[PDB]
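Here you get one chain, nothing else, as structure tokens; it is the form deposited without the partner chain.
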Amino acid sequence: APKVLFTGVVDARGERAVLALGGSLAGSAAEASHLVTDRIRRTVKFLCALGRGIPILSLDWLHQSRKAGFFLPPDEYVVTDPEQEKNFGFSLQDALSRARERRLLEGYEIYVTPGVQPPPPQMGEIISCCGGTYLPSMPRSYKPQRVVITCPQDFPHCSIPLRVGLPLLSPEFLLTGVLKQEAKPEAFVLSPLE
């Protein structure tokens, strides 16, 4: 039975269809089997669903399923948003295919300093949904794929990662990388002395 999550929309009729058909309403994207929405948006729920490779479907999926009397396959209902695909420069279908082949952040260990925006806990949810490790405190040693997402306010606290050669990165490394399902840390390095 599906555990359906909604994002960027309000659809009481859709929620009712999920339950009527035997499914349940997902508490979060990490728990969801399907995400229902109307557009591509950079939200914790959308980015987590995409990172996990679950179906991201239109609101018509549930309404047509209710008419059928059972959950229909996802294929004919994938969210299509050429406009936002143009705004962001990526293909949702291609990004999902990538997520379905591999977790984007497999092997990555990421510490997000306290002052970063968006909020560290939201960044960690996204990191975890992409198979990475959200670190509890600043690292003390170098390791490949171990990085620190930080910000100007926190540069004063970055002497240890700089000492050991850990990259200081922009939060967009995560947001843009997860949206496109393409991790390019070298392209988001911050300049702490500027």
Given for the second form:
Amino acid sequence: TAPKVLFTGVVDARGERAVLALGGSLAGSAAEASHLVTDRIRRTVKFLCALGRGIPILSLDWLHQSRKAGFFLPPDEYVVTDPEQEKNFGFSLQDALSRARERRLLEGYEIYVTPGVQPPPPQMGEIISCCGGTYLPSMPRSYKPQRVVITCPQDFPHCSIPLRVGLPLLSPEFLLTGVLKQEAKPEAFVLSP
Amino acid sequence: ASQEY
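Alright, leaving the form deposited without the partner chain aside, put up the form solved in complex with the partner chain.
Below: every chain and molecule of the assembly, starting with the one above.
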């Protein structure tokens, strides 16, 4: 089927024109997208979601060069290469992409997000779903392995139940750093007093 | 622009 192309962090009017002209469409969300187009690595919801699903994450040259050719080119040579940000976050995009393609990062995870977290619960939720985790929109009331709560200092009134039932309280970085590297380390993101 | 985190 025709590509459903997502963009993040760029206005790429040239690329948008290429998408419709070549017979693809604009993706309305990471979940419906086949391709993410962008120029750099950024921790946006779309970027993390796209990585989580392990879809192609391509530079602006893919659609540009595709349009010169007259058809959607193969993605392989257009992978986003951002050595500066790969260094900044201490990971390899392509390595992280292979990980996502081999396994779902958050398989077996049930994750609740408190209301003051950034990105907000629904958007944090779409990052969780895209990694094969179960987004918990309702407050969990029992302990289960790999059942975690994402919270923050100002959400202490919301930690009341998790705390009673013995659920781990974790920083957003568990997901924001974890999804980006495609490495899940719940032990390292436990919130201290 | 889209929020970065």
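For the two forms, the rigid core is made up of the largest set of C-alpha atoms that agree within 1.5 Å on superposition. Numbering follows the first chain given and starts at 1.
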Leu174: Cα shift between these two forms after core superposition, Å, came to 0.6
For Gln153, the CA shift between these two forms after fitting the core, in Å, is 1.8
Core-superposed CA shift of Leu162 between these two forms, in Å, is 2.3
